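Please see the structure below; I have some questions.
Note that this complex is displayed minus one protein chain, with the remaining chains in position.
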Amino acid sequence: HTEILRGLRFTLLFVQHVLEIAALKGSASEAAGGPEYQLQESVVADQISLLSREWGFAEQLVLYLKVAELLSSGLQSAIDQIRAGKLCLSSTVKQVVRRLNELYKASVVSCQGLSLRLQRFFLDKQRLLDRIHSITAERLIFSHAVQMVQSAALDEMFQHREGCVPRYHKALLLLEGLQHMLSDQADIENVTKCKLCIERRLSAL
Amino acid sequence: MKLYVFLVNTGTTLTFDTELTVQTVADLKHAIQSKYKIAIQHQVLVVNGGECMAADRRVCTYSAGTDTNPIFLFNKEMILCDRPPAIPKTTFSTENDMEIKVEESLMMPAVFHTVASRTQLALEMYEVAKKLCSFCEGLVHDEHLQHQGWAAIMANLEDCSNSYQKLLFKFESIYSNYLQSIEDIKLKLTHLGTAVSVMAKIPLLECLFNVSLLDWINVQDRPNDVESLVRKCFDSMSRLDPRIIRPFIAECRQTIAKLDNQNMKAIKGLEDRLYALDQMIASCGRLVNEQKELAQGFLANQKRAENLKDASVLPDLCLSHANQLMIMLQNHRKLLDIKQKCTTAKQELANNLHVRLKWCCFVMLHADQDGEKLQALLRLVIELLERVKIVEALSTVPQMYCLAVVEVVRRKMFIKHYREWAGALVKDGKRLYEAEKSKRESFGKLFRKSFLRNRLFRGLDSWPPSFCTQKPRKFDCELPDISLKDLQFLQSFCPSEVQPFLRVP
Amino acid sequence: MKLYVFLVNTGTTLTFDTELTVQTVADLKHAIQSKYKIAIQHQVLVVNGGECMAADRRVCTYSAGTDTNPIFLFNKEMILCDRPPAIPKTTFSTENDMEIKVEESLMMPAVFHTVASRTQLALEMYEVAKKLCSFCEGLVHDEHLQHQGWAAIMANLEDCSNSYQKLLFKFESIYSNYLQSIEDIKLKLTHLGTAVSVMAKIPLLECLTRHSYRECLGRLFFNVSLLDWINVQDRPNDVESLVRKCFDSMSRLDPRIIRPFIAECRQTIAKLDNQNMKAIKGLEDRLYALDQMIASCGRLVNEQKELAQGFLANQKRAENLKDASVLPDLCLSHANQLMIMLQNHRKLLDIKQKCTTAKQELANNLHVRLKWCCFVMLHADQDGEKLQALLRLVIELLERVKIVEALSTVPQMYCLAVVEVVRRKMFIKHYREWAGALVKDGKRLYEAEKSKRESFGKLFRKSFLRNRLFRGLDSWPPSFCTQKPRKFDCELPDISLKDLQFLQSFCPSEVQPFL
Partner (left out) sequence: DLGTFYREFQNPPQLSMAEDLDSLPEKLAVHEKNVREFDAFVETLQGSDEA
């Protein structure tokens, strides 16, 4: 009876990760650190990002729109199963549904704000925006997961074997929800290969 | 011909049907597990020459399988365990029963039935000695096969060591090249920052509205834009700084140094072991020869005894039989000592190879992890040295934009001139050619190619080449419509830094 | 069965083995020489169907010659003989015996013994009675074969007549063309003579050396004119000879001589179409009467042999009986019957003489008709030879007319050709200068633009924007008007402007060579 709570909870976790990706995509470009950090990066890369930030804003908007859609569909499912009596009316369903509602409100507000502050950008660059084929949230999430896993593997090889486990877990939980979003069987097979490789590593750990 | 395989760790022969020959390495592993109960994943397989089995190649492709050159099976299970394995024997109570009977036969008086028992004992003893010799030779040749097993793993080790040393040298050279280019790469990154600042201002013409060339560069190959490229270059430079790579290469060279430990690749005392065990095999052969000789002598003495019924002969002949029996007992104990020495030598070789193989497995695993690390670092460095080429291209983008705009406008002007030039040329050519053709056709009609076409006025049948009769083919059809107005606009708006590339016809 | 041939004029059939099928028509005339003997030159042979046997063909071809259809033969020498050829009379010796013994038996008294002697006489005479009109049946063949061979040679003569008519019709058609072509050829011959006069004073330029290219120096003053070249080509004919021959042929083909000959040809056609001689007056009814009389043979035989056999049987029986009451009266009745049958037998003799007389008179009329036929044949041969010769002459004229027409214009075409060749020699000069200038300028443009484009592409090859933002920068100019055009008119002889000058000033072609 309660397995549906697993689906809702997984949706909650996946959107809580995609929102982190969206925040990273925001103004604060994710820079490296440590003594090895070239002080020139915080100058050069920061300058280039300050010059080209509005594209990152558009990426943030598409990510926030995708999490809004995911939360809308999940909460619609919960609404239907509560209305039909197919889902328990109270207990843990309360907290999961309410947290989903909170995250949905936040996502709607965020995408509304990004749309407001990108209206001028869209109206300006529309002529170029036609040629570019739309970048979808699936591409962004998959690329972020792949780059996270690559960075974590490099860190693990070079003696940083402790902080890599949480990164692998987050990448796995991103791909677990990413597979459900893709429809092409080739893309799904690719995502499954990456997810199973991450699973093999996690088991090895 | 028949297929044989070897477990070097213990030294047990593995025999298979030829059906496995048409099959391959993976099938060989599954068959090993099924018939002999060794897990697939623990099977390390090697041939003479130092090749490791890829799961694809059919086994016979690896030239091995005969009893004189089989496949070597090294078991990961047996190396994970600390202790060396135990070796079985060819166990028979016949040897001890024979010893007991020989002791008893020495105390059985001189009668015909006793001599019959003696001859039966000796006839059996010849076969016992022969079987002891055969078993010992089986063990010793099995040892001589454990040796080709060790030499095969040594060959694989040497090939791996040479490949690892070559990879380390290659990475060291590539890292030195990068090390002498860190300053240049940093300068190129600063120049890319400058060029991006510039591109932010250069308008993008309708080569497809406050779109700058930087925005066009950004919408290319997203989400891998220029900022991502710069940050990836900086990340790689952070990961490759010598404070890490120099200690890492020091550890690597230490790994190759321990790979160079000849004290483990070379079996010390090998020559002594062969020099001793082969001599003992020769000695056991000679001993069995004497045993056979004296058993036939026992048979002859029995023949003499049964016929010489005199009571004074049988006691003396039985004294001779007792002396011979003591000789046979000495020979039997010598053969059993040879058996013990051979079995203990096999066990000792098994243990020595166990320790040496533990060391070899440790060294090989360390070298393999180091090889993985070095391959990753090489990929890092090469990817970075390609990303810097991309960086230089982007650095020169703003100049090439203006130069290409100038070239396109000039080509539009040249096409404008060329169409007029070709129009005039074709006009004149068509006029002249049509006039000439009309006159020549009139003369042909008058002449009617009949009267004096070739008799007297030869070869009037010739025409002009129609040169300049048709316009030139199309060209510069795909050029963007970069009007002179667009170039003037770019000269109005572009930053001074890329104005010298525009202020030219 | 057997192969047969029949001689018509004398009315004589000829018998041949069917085996001779392996031998030709000449061999058949020579077989008439082998079994019979008449010189081959005399032999004229035709088949039912009118075909005159060609010498080389074998008898297997012709579907006649049997016992029932020999081939028809004629000894045209005998026909040309003044005499009316006589009958190849057969020697019927039995008639002398019959008459002598008939009178002998009649003289003695008609007693039964003399009646038995007359019975034997009848057994001989009235049995050969059958032989008489058996021979007359041979003649019956002779008669209808005579009609058939008559008709066959008339098919032959009619075929010759249609050949004559067609030949004369073609002759008069080609001469109807000549009706206007005679004045037309008079005009065209005036034109050719005018042209010949013209060819004087229009020299064949010293460009002869170039017109005969192989000789120029390869053969390692007289102002050679177009005369002595026009006739030199076609060496044996002088062209003046062409005019002379045209005039000669025109004279021979003139209606003055021709029309009377065609009138004679028309009269020959009329004689060939002489149905009067082609027919025989009432030969069909003549043969019908002969048919009636050959029928009379059988009728009368049905009288005689009946009476004769009855008398023989009755006399045998009665004489064996020796009855004096029957022998006298019966024998005397048979004697009177024998008298009437003797009258009937003599009637056989008159009809035999009558049919032989018919053979003879038909043969005489046929002798005259073959004389006419041979005269017509000879006239047809002569007229055909003459008509063929004159038709050959007419076609010679109608070909030489075209030859004259061709050779008449030659001064006009010489003028046109010389002016045109100088015109082309100067136009090629202008065109060569023109093409040189244009190609020089075009090569300059092409090289300059190509150098600029390559010097740019060398800079722009190593760019991020190449073919992504900027397109088509790798195109090239169309290489138009860049290289000199190939040659033309290189085969025209090196006639100078000075050559047209050489002609015009002191060689009047009547202005026409003026430019």
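Labels for the chains are A, B and C, by order of writing; each one numbers its residues from 1.
By definition in this document, a residue touches a chain if its C-beta (ideal position, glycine included) is under 8 Å from a C-beta of that chain, and two chains touch if they have at least 3 such contacts.
Looking beyond the chains shown, say which of A:105, A:117 or A:160 touches the absent one.
A:105
In the whole complex, what residues of chain B lie against the chain that is missing from view?
Within chain B, the residues that touch the unshown chain are 368-369, 371-373, 375-376, 379.
With the missing chain put back, which residues of chain A would touch it? List them for me.
1-2, 58, 62, 65, 68, 72, 75-76, 79, 87-91, 94, 97-98, 101, 104-105, 108, 111-112, 115, 122, 126, 129-130, 132-135, 138-139, 142, 146, 149-150, 153-154, 156-157, 182, 187, 190, 193-194, 197, 200-201, 204
One rule holds for everything that comes next: only the chains that are shown with their structure count from here on.
Could you put a whole-Å number on the gap between the CA centroids of chain A and chain B?
Result: the chain centres lie 40 Å from each other.
Mind pulling the residue numbers of chain C that touch at least two other chains?
Expected reply: no residues.
Can you list the chain B residues touching chain C in their complex?
207, 216-217, 220, 393-394, 396-397, 400-401, 403-404, 407-408, 410-411, 414, 418, 421-422, 425, 432, 436, 439-440, 443, 446-447, 450-452, 455-460, 462-465, 467-468, 471-480
What residues of chain B sit close enough to touch chain A in their complex?
Answer in residue numbers: 186, 189-190, 192-193, 196-197, 200, 204, 206, 208-211, 214-216, 218-219, 222-223, 225-227, 230-231, 234-235, 237-239, 241, 243-244, 372-373, 376.
Please name which positions on chain A make contact with chain B in the complex.
29, 31-32, 34, 36-38, 40-41, 43-45, 47-49, 51-52, 55, 59, 124-125, 127-128, 130-132, 135, 139-140, 143, 154, 157-158
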